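FYI, not all chains are in this one, though none of them got moved.
Per-chain numbering from 1; labels A, B and C assigned in written order.
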């Protein structure tokens, strides 16, 4: 059998207005066309859904029960289409990537420039990682690949992992026009500190050397680019990933201000759960595994 | 837009068999016609659902989600039509009543013989209450009248309530052939107790006097019919509604034990949400409001 | 470490009333005891949760964040205890059985009388089957065993099934004092029919012989005891399970009113999902598999 979706809207409008002419005007169709479409729906369902002898027009019991059916059907259509709107606009080659913000901004330009033309060319859809739900999001298929720091769960089965890179958090401070750091670690007093939350991977790395440094937290944020901006504004010092300050480190805007003992090793991976992605997803995974 | 469940079944069969020819054969249509229906669904939804560039035919990222969407839509359509088959058979005077099992078995035989004759006489369609969902069903129109116990939400607006009756739960036990209660509350020996769920309405009445008597819960069930049967089998005492043990009390099969304080007052109502029902529904409502 | 649950309520009351004396009076403890318990909570958490210099007393930021923690903790405690209230009252030998109403009322007396005394004596907790969610309820562990009619899904893996019995639905009618049926099938006119919904197993069985019988539906209900009551009240005829009318069939209250072709074969099973239940559950399962 078959059911036409516009008939559901027709029946809902008719049940609400209780008038064939008004419901036809609301549905942008002529009155006989609306009547005939209502009768087509009634034949398709197999019962009279509208009492013909009632003025104003009322619904039969079967129509009362089919109101709920039509409402749930329209709502399900609208939801299953809204959830596919963004994926359909990007095409069948869309690859959903959740990522840490800095990892995204650092790696995705190279991945995008590494794409070859063709019918299976990957179209990236990148979203900020949900630090609390990224694992379940990877398990349920809401994203294909996850660019994230070292994680004892994501790196092990049932998930697949590829070590993308291993860099270091550098304690850095702004500089004057002579290239000399504004804040040091040679003083009896502490230094204005732009910290992460300990609830984050980078914060867990920073808290290892927390005892041997004099710090005074004046700003907290897990957004490492926020801390980088506040470092550039001479507000304080911060442990920043090496891949995110290369421009400012080459120039004399920022300087490392610690012993080699304060450089904190970090490493970031690409994680996946599905043993088999669509061809675009597998090409993205291969490009990640081969990012030089 | 206008979606046809034809296309939904087509897409489900295609995602199952991973082959346009096999799916077309299983749908009793020619391969070009099946391809046209699939492309029509794709153009309607605005999404490429299948990847034709691969063998076997896999799904797109949008296709994987829309498969779930379409399966849900098809199941809902089938369920709604199967529901409407039954409700149409009864007629236009059908009144859908969700009722507590005991209240149903006690009251509906009285309501049926109170029905006058004529083509406005109601045809009752009675089903057991979904307690977690009967309020929603009453608001949606899935049932016309609700025969239930005292409820703080259903008694108040936006629902109409009518106190049908105010009776009492009696702690009873079976009797021997001479009429003597086998179990009683004058002993240290813990009495075998047939209890309700302490989350149901009746359990929440026995909970107020439980710390007053000594009982060992040996059996639990929300079905007062079940507890009554087990009482008559000399398995233990139970608080049964007075309206369900009238003949057993009159025939000395069961006996009330304890003091007057152990009799627990309960009230039961008829609830509705629609301000104006069909004539048979209003007839059922008026009979409920004038019942004894 | 350790956290005391009463301290959470103490902190909530204190945050709401902003006064140590009022919060102590609300918590039924003296003022110094409440102050000391608040300080114990503050030491346990590791931060001052209350500003001491504010009048009225206000919370530190850490207290603002710990409000949510304490609220979620109290709510989780209350929910995980309410869900275990009925199971704890029955003891560690409770066996959760979902069942069809007639199957429950017919089988559970025998199962209850078949129990041997001992430390692993089963305590039954029986609830009416959720026709829409009984399968998932059996999968998630909300019930241990399911007494239900023939089901193509529950009878097959991953579920275990044991055919309890095979009986027949009999089309039955009330009788006069001579033992003769009031309604027959020998007439050109139809007979008042007390039907189930086709949405039920018994209704699906009845609809097989629907063509060869003249019927006029005057009442609908899936509760077979409701239809049985209405049969006893000379309202109509109904297909009733043989196990539920044995008393009325032995006496002359009810009579079968059809050819052998109208007797509809049905069979009911015990279903389970867990490969290993607690000892009481396994004893109940064995008694079911050995119910003669």
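By definition in this document, contacts are C-beta pairs under 8 Å (C-beta built on N, C-alpha and C of every residue); 3 or more make two chains touch, one makes a residue touch a chain.
In this structure file the homo-oligomer totals 4 copies of one chain sequence, with 3 depicted.
In the analysis below, only the chains that are shown with their structure count from here on.
A linear topology is adopted by the chain contact network, the touching chains following one after another without closure. Inter-chain centre distance (subunit A to subunit C, centres taken as mean C-alpha positions): 41 Å. Chain centres here are Cα averages; for subunit B and subunit C they lie 12 Å apart.
Subunit B has residues 83, 85, 90, 94 in contact with two or more other chains. By the touch rule above, subunit C contacts subunit B in their complex via residues 82, 85-86, 89-90, 94, 101, 104-105, 108-109, 112-113, 123-128, 197-199, 217-223, 225-226, 229-230, 233, 235.
Here subunit A touches subunit B in the complex through residues 1-6, 45-48, 51, 58, 60-62, 64-70, 72-73, 76-77, 79-81, 83-85, 87-88, 91-92, 94, 96, 119-120, 141, 278-279, going by the rule given at the top.
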